[PDB]
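> Starting from the known structure of chain A, fit chain B with the ligands onto it as the hints suggest.
The chain contents come next:
2 protein chains.
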Amino acid sequence: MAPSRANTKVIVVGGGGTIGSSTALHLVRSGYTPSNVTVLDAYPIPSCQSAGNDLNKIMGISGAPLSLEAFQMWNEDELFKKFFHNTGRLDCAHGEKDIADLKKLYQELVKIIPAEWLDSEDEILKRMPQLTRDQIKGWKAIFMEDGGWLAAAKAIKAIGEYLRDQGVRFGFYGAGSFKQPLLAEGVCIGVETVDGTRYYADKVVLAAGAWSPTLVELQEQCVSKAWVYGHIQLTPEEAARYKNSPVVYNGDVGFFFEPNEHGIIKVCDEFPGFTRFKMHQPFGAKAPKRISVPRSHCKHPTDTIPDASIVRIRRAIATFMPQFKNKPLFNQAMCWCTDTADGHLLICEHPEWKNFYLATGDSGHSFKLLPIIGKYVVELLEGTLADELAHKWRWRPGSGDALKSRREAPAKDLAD
Amino acid sequence: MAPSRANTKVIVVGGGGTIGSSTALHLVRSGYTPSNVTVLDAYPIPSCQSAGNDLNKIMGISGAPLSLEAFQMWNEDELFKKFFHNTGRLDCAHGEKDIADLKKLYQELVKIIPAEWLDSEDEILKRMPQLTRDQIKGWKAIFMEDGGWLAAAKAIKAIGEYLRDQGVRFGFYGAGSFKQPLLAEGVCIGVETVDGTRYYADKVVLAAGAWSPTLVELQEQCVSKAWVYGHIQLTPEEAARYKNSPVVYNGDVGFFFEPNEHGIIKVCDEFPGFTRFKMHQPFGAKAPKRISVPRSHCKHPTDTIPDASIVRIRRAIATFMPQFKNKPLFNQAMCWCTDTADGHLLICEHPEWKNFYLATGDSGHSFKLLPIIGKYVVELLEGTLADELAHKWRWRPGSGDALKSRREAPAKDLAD
Ligand SMILES: Cc1cc2nc3c(=O)[nH]c(=O)nc-3n(C[C@H](O)[C@H](O)[C@H](O)COP(=O)(O)OP(=O)(O)OC[C@H]3O[C@@H](n4cnc5c(N)ncnc54)[C@H](O)[C@@H]3O)c2cc1C
Ligand SMILES: Cc1cc2nc3c(=O)[nH]c(=O)nc-3n(C[C@H](O)[C@H](O)[C@H](O)COP(=O)(O)OP(=O)(O)OC[C@H]3O[C@@H](n4cnc5c(N)ncnc54)[C@H](O)[C@@H]3O)c2cc1C
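Sequence order for the protein chains is A and B.
Reminder that position 90 of the first sequence reads as 90 in the authors' numbering, one-by-one numbering, no gaps.
Reminder that position 62 of the second sequence reads as 62 in the authors' numbering, one-by-one numbering, no gaps.
Simulated from the structure, these hints should not be mistaken for laboratory data.
Built from N, CA and C at the ideal position, the CB exists for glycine as well.
Not one of these hints is a red herring.
For each label pair, taking beta carbons as the anchor points, the in silico distance ranges come out as:
hint	chain 1	residue 1	chain 2	residue 2	range
1	B	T302	A	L68	40 to 46 Å
2	A	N260	B	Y200	21 to 27 Å
3	B	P322	A	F283	31 to 37 Å
4	A	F283	B	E237	23 to 29 Å
Next comes chain A alone, as it looks inside the complex:
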């Protein structure tokens, strides 16, 4: 209560995306005055370039920070709970390596939630009867009742609608696209947009996703990566066969094979596979430098999707729906995330611009934190964030190679 919550003005940059919309929600819920909160985005909530603006994402419990608190809110929170579909979850593994690591995951996971090691092919087929007996020859599996999918875009849109009703201020397009912090004497006092509009506030959050490293100098702590996915379509008859099926994970990769209303199944590549290095000058960089900078999806449908991606996606379809191996993969697209070297979030005060805060480093697995992540960003703004989360999320330039991250390989560049 230096300025009270009630009188403190906050700009959330990227407020039409996952962490940003969460932040704004939690400001309002925390007792910030709605009209004192300004949401700026290049595109109206839900942002058409937001990684979160999807028909569905997969909600799987992990060890990761906040996984279980997020899960709870998806189940209990009155805004979020109509967007989570608890279907149960099945992690499948074939071979020495996968079954080995499935056994490691099981050990960790069974301490956190009920999970069920599935030894027989019969036990597997009872949890998901849409698999065939000889498809799953040699398979083990963890079944967990806890797990499902999230109507991701709908959830952000519901945040947007609540924030509008409460009187949050909004700026989109040229009035929303961040150009620079306003700095007076090492202190951030607001934000200028590309149209020259200047918004003054006590605190500024940059929750710009994969655009974060492109808007402000992040010293390569975050490296933006494109994650390709596509669609197959099933007839109503084929679709009906996948009624009541669970979410399925091949190691670290989740899928969901029950079609939407139009027969569509979204299948993702195994990882963010691709950078788009270009010479670029984020605010705070003395000179241009080679940074991975996203291509907007509200300005790049039908962009050259790497054939490698299409092949891993077809591999996964072959594994889990052999009868559908021949289905054409259409509406191929990329959404962008940004990796830290360690896979943890970057949620910290900027080390030079006081009252400018980073809330990014999503690392391609933060949609599920949408209910809760904004709470912790508010705690950060108020200087009450737990040291454990502060450390995990700290400013940490030169703490590792974000291009590789925790992933098996460095990402290949799209230019190639």
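Positioned in the frame of chain A, the structure of chain B with the ligands alone reads:
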């Protein structure tokens, strides 16, 4: 045979677009069984490539067929009336010729509706106080109380939700994209989509908009043209000045200068300005031929707009909002329509494929018929269409150059 309405199966191709959605609505309303109606579209209603799927279009009364009737339904109909905003309409002219033609229009229009010739700049500024006094030096105007804008996308979405509720069958993507009619002895019995799905019905309607001449052979009765538009963004205080503004016409072209919630004003180019001639083989063409083929907005919202368009748009911004002449024109896009030579619709049985019906020839001015046009398509199917309308809309290959149409120039090709 001749089934009852209640047992007649109808496929509507382009059912996520303007005339197609209106058709499907009028079939349901007319007493056809909802599950007997199949809506097929490349994209879910409202189609992202539909010329109808827009933040707004302008609703003016004209002499043209059905104009008054559609206006009445926009005002009366429970479904549509929430998407019509009656703001009044001001048609402005400058110069002896623009004023000469404006006098022509007054005479034709005063017969149809109330209308008010405005001879002074003071009577004009009282109808639109946003205009400056020196700006409108020399100007004349017609004011009509009857006129406003349409939430076009929202109306089609409303039709789609109602159709869904009633039990209308839908197919989209590969299951919705027309490949060919199914014919048996010169009688059309259904449709095949590009995924190979075969749909069987008694009657088929092709309401595929600018794509109609690309899917079946139309002997150049319809030529598809791109119509460019863009956006300017006003600050909230620039926006509030245009509260309560009417729609404005310079001769043929309408404008609406009151910003939406995000300060955006859409400004259209003066006409469909561009063809995309390409060798293409519609069903029923023995060989490929040079036809104007739309470039989908779903796929390519990143499309090279012609500077000529950007110029004419600037010039109309300059005319009506001189103080906003320096605003950047952004989210430039193209919307596709299909012109007949005479500008009338093409709504007719195919001359060879019995029970296959054309419902196209929108000519860039048929969004306003959304409430009513499907009634006349249903009457066509039932062989009760008034001969007056049937003649106006008839199959008429070789009846005139649709490339030029009722416009001044032939359209320029986007290749150049
Ligand atoms: C294919 C794919 C699958 C995924 N699957 C899962 C999953 O199953 N489970 C899971 O938990 N997570 C998943 N993720 C991650 C998920 O998408 C999260 O949204 C992501 O982890 C982080 O969101 P964010 O807030 O950091 O960024 P975003 O949600 O992308 O938001 C960033 C915002 O910044 C805005 N912005 C950009 N530039 C500017 C500017 N100049 N000015 C202002 N605003 C700007 C954007 O318009 C956008 O609205 C997946 C991601 C992808 C790409
Ligand atoms: C810039 C611009 C401004 C305009 N302003 C106005 C205005 O102010 N007032 C007015 O009345 N009109 C206006 N119009 C015109 C209006 O948009 C059109 O006249 C009308 O929307 C066209 O309706 P349609 O059903 O013929 O085409 P659409 O509404 O485009 O419908 C065509 C449908 O066919 C589908 N389709 C395409 N290929 C296939 C396939 N293979 N299989 C199945 N489905 C397919 C498409 O996806 C789409 O849903 C404007 C047009 C433009 C371009």
